[PDB]
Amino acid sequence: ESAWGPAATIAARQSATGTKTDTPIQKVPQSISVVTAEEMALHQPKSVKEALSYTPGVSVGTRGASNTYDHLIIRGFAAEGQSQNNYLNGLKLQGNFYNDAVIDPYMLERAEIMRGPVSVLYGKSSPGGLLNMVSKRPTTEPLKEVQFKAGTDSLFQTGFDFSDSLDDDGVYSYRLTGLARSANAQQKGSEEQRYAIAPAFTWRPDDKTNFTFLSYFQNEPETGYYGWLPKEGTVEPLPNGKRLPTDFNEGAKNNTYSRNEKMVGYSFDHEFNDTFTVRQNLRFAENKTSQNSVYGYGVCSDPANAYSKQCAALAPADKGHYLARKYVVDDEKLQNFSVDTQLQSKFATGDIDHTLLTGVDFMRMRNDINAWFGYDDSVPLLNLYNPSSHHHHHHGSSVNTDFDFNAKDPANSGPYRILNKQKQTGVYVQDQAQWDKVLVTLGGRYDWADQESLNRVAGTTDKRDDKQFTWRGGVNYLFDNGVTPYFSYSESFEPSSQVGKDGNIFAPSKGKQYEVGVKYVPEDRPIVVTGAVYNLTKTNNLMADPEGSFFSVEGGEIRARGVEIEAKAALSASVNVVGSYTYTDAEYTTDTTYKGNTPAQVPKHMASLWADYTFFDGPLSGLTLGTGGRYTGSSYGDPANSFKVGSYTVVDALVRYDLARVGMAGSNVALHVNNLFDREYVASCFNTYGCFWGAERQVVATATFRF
């Protein structure tokens, strides 16, 4: 019983993000996780970020209390600059600079994460993995849902989800999902707002043809907090021995952040006969973003402010409890088009059944940037001596003062105007030959990644075309009792947008991974358990120039090797459980400035476990009680490994009551509380001047009704 029970467990056994063909998870020679709509509806995650919380190999709350982006550090790696490596419907949501798009989980059918190299099917990519969200689609049966949310910090949400067939044979059906949300962010003076509508339409002329129109529109007046805090006053105590309170805000009173998303496309598939099927995926999007932001830049005594006049103008002991600040003014617009066409050839060679995949992937991205950035001494200073049992106890924090984002002094600030172009075209081939219990996957892909940046201010143009090749091979020995052992080799590549000492675009970095493991996907039991160990290596990483030159040099190499185990299974008819453990060994293997160091923000040990319980007996029938905990190990807060952010464990709880016992079947009411013990933690730090307070205990009531 209960939607998220074995019904989800099993549905989650299938996926395509691993092989670009509908394969059962144990037949995929690579690490992959799946979270369902029922699952997401139970936990009510703020973003896809949380939705993946009980998955191994993923730091998902790195930025802490911020929700602006959906950045994930998978297996200790991320894309250059920390740009999202997020996919939607098999097509990438390409972004640039501060222009990345996000998707509300209320518009998703499910989310999936694939670990390690994946270029063999998607082209240029961060060695570590990629997230792939699936848009909600028109349903077979009717759906009339309205949802109401009320929570802390003045969180108020209201949305709907409607799906129906236009004819009685289902050849014509739609779906319309929309939500309105507004709330105050953890940090004083920050707000969050969002309006999203997803129009979808399906067309099934017959039973071997499907064309579904997928669109999304989202408007966000205010994005929320995305600032930086010094390790001094967060991880470590201030000279006065106190700390900045979790709701502290160091930006202007007039800081502003907005994102605009518009996209249309479709998912198509046609089964010609018994040996041929073809599917194409296309999407076009125009997204915009803007901000007027004052961010922190460490305390005056931080090396980063060695050249700060305002900073030196203070007594040597004050430099340690004064915060330096810089700013930015950004305006961006980008259009992104994508099409992936694939032909599936099903056949065999006597006991050698084949599944030949061959297709072409294409994409182009254009992002126009017009920003302005304040450097040293471009904005005031803040005397962090404001912890006190006042701003902690009483109104945790006092908003700061305004700030002139106009009249940009040529002395302390400057303009930034860039136009980036990106184009990628790849062709791939992959066969899945199963020889009765001996499934073997082997494929390849050739990519054409071409980039071109125009510096409107310098009147300069940097360009580079790359030509790469990646292949993957693996074998799964599917037993018949459940236990499915596997292993595989995999490659990945990622072009560089950086320019070197010579004035050229660095060569692409590459991903090399060896992984072995076993998967338990028994068919007679609603349970699934996995475990794997891997050795993933990225090469030609950009490192400091051997002789300090302001420019970087390639050659750097990093290695990440670890163990991941995931487990999901129904223990009774009312008790479900989910959990995983992650052991990550990330290390600098070749770097001028570092070496033997572990990159920042990546803990060595990671773990999480969750379980729920529903009643089908007494007056407490239909009552669901669930709870879980997420543990984050210690991590370094900078490449230099000069200090360390400590480990933490947050607990979440929910009480759901199946309102069906009042006649309203399919409707229910829930209460969710995050960080129950309202712990206080520093999520992570990317450096000494870039740390983030974790999320402070939240409480949300959710009334969802089905007609």
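Positions refer to the first chain, counted from 1. Each form is matched to the other, and the largest set of C-alpha atoms that superpose within 1.5 Å is called the rigid core. What changes on going to the form deposited in another entry:
Lining up the core between these two forms shows that one residue from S15, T688, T9, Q698 moves its Cα 2 Å or more, and that residue is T9.
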The other form holds:
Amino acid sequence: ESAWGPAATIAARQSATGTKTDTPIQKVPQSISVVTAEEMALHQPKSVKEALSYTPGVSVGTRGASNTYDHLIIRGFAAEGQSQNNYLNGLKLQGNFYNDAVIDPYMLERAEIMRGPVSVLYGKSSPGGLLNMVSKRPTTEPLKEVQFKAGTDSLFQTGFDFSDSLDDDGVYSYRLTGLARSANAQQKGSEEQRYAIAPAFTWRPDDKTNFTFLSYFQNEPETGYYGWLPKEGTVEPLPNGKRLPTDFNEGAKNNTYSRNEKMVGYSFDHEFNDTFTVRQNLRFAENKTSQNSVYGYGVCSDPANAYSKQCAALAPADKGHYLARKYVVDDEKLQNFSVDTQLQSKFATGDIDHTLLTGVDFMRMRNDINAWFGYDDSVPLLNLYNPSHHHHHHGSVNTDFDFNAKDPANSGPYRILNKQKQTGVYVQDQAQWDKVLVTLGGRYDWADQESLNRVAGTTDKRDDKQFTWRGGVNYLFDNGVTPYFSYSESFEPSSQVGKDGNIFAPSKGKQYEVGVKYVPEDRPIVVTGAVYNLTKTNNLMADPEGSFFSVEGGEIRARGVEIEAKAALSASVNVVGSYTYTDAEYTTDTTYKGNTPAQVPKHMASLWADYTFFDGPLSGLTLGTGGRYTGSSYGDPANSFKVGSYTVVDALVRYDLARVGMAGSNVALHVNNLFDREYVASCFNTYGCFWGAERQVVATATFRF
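Structure of the form deposited in another entry, please, following the form deposited in one PDB entry?
A single chain, with no partners or molecules, comes next.
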């Protein structure tokens, strides 16, 4: 089983995104989860976000039903500025502002999640958090697949996945994966549209050389809902004791949101001899996104709208059932070039087998932003009373808004040019002294940035030089158990400027982790467990003397326990489950402190199992079901209020189409939120809450020719 290819069973024993070298999970000093393509082919996830609903240490409701971005919170932390922190084939998909890219899960072979500091091999990064997806590569045997989806809210999807060789030797092979998806968003008025295709070409001149061309082109006319809803009407009852239905939409009838993505690159490797292997991963991308968006701020009585006139012009008791709103017109375009070159030296030193990795990583990202942001009273208010029982028979779109002619009073232009560059040199060794595998290594990064404000004519720049290393040990037993512990570090530059008109210094990550991994060589089952102590130092916090500007020195701690399990308990039984304990807390902070950051539940857990029949008349029938538990979380930094826990159930019914001459093909039915439970996924503040996803039914027919 290769770290860059299929896994056979839902259990992947190999992963290269933790050490940059194909290594069995048990031999990796860090918490690494691997969602197989098979698993994704089980719930037909809408996004890579979803494909992670069962993996521990990851929240996936930081936006509820919305799918605009695969923005994740890992171990209580996320990248600064609501930015993603997602990697594709070992090279980061560096985005900026509203320009973050997403890859459709159908084009993936596997989605992996690295928990904890990751700079020792990838450079600047949020603490305890990294996602790396592996593009599908040409297959060893021919593959001709056609897929058809049909579901709730007018879900219609058609896609293909073909892979064959040009020559009988396989020196030349290709793979073309594409799809077209259209659907109505949960919220009335909003649509979801996606067209994508991934051309891939592999050239193996011999059994020691592999150059694989990887491209992805995707166009999304409409990405759907991305607004905020007040805790008043969702988490908490509105004055009239009623609530906004889960399909409510407080955006302009003419709200639009699109994104365009284009990337070309390659993954290369060559084995020179018995001790040296070289591998280079390169990708270049140009992505765009534009939008006309009216989003909700909170209700007119929300501290946020204190300085709002339209609000102050309402009877003191009515300020609590009227919704304040703002808007934003955006248009961005960025280019991202990335290349990682690495030499793998394999040699010994008397019983000490070494696996030395030495390489340099480079990336440059440029993102030009030209947008307009409406401030207070920038857009009409909305009454929240009408949303009663007759809605709940629901939706009811609203009215257009003049995104054009931006009043210089209520709105202002925002035009910035962000540049980013990072160069890293890392050295790592994987020395195994029989049953005693010791991993250790470090990296030095040159993190340079520069931002131009096309209006203030300002140009902020900062060049960070940072070092990070990681050390760990794995006692590879033989019965399978692989106890381990490791120390890791990460660093994350700031783009914010202090009162002294200067970019702040980077924040850092320090994690202490110990755990045990069970990867028994016989049965196809993997069971990991770990407890950790992660620390983010020099976080930004409110200036002690309140000055609009922020001050550094802040600190946050996140300690918890994570256990996950995936297995093939039978030729017909599969199971996946995990539990997560997350204790995140502001160690040092001006305003908050002792408070837990919003959107990070203390408890999370999931369990899923499927059975398949080969027996009687029910031969070729798979039935599966599972549940995901999200504990309560805080809906704001002040911890003013709380978002209640919830549990959602998923079900699956699959039927092998062999009994009609079509072996390998099948028809399936997937249900998400079986009991159509209504829940607020989370809130990042009193005015920003997100309804969870309502029950969704999808019918899939996937044929293999």
